[PDB]
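Colleague: Model the full assembly from the supplied sequences, consistent with the hints where possible.
Number of protein chains: 2
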Amino acid sequence: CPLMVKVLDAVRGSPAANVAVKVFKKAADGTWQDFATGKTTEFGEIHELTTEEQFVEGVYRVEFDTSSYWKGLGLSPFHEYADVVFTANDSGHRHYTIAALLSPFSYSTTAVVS
Amino acid sequence: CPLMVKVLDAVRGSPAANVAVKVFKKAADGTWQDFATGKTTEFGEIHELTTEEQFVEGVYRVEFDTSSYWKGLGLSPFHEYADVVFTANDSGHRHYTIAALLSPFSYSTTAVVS
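The listed protein sequences derive, respectively, from chains A and B. In terms of the entry's author numbering, the numbers along the first sequence are unbroken and rise by one, the last being 123. In terms of the entry's author numbering, the numbers along the second sequence are unbroken and rise by one, the last being 123.
Calculated directly from the structure, the hints in this document are not laboratory data. Hints are supplied without guarantee of correctness; some may be wrong.
When chains are identical, the list treats them as one kind, so a pair holds in a single copy or across two.
[Stated by the list, open to error] Straight-line alpha carbon distances no greater than 25 Å define the calculated DSS-like cross-link-like pairs of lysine-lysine that follow: (1) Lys48 to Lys15; (2) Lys35 to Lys80; (3) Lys34 to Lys80; (4) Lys31 to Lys80; (5) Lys80 to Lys15; (6) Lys48 to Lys31.
Modeller: Have a look at this one:
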């Protein structure tokens, strides 16, 4: 797919499964329209988030909603999560991989553009 | 102050100066109301963002943002900006320090609560 995610759990040392990922597109109204959405598989990946034809030039926001991801461990009482906002295909057509690393208090998102 | 920022430049290896920081508070309407704002100093810090009395129990969203911050090294542009959304004081009162580490394609944000 043009837009892929790869989430890692730093506390368990393994891909993060079931972490909800939400994507948005900034409409010309300066407003964030809902775009895609899924939940990581046992490999911290989401398959078929969007299509090459659906993912067009635009500002996107990838939110790693982890509010309760560490609920069973009794770890993050401050309910942390993060966003990444990049400009997708302001020069041809490409592929993006938003690689994230999760910890109760720290978030790490790297975009591998290719 | 109750809410402090500490921005580091991973490509230059020094505190990040002049990176815009925008804070938001989630109103009961589920909407983000502008809260505070500034630009990091030569120490990657913002002084007197908000006051102990102004920073109340609520959901905040800190957004770091840059403007051709890497222009000078001759690297590649990639409009990327990140957000952190934590829930403040859901018991008592505290001091938060949102430490961020910038790179052209990667963002690390760590919240030190104390």
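Colleague: Compare the structure with each hint and give your call.
Modeller: Here's how the hints hold up against the structure:
1. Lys48 to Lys15: For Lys48 and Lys15, the Cα distance is within 25 Å only inside one copy (11 Å; across copies 32 Å).
2. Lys35 to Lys80: Between. Shortest inter-copy distance 22 Å satisfies the 25 Å Cα cut-off; intra-copy 31 Å does not.
3. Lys34 to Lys80: between (29 Å within a copy, 24 Å between copies)
4. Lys31 to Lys80: Within one copy, since 19 Å is at most 25 Å while 29 Å is not.
5. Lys80 to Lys15: within (21 Å within a copy, 28 Å between copies)
6. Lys48 to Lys31: Answer is within; shortest intra-copy Cα gap is 9 Å, inter-copy 29 Å.
Taken one by one, the earlier hints all hold for this structure without exception.
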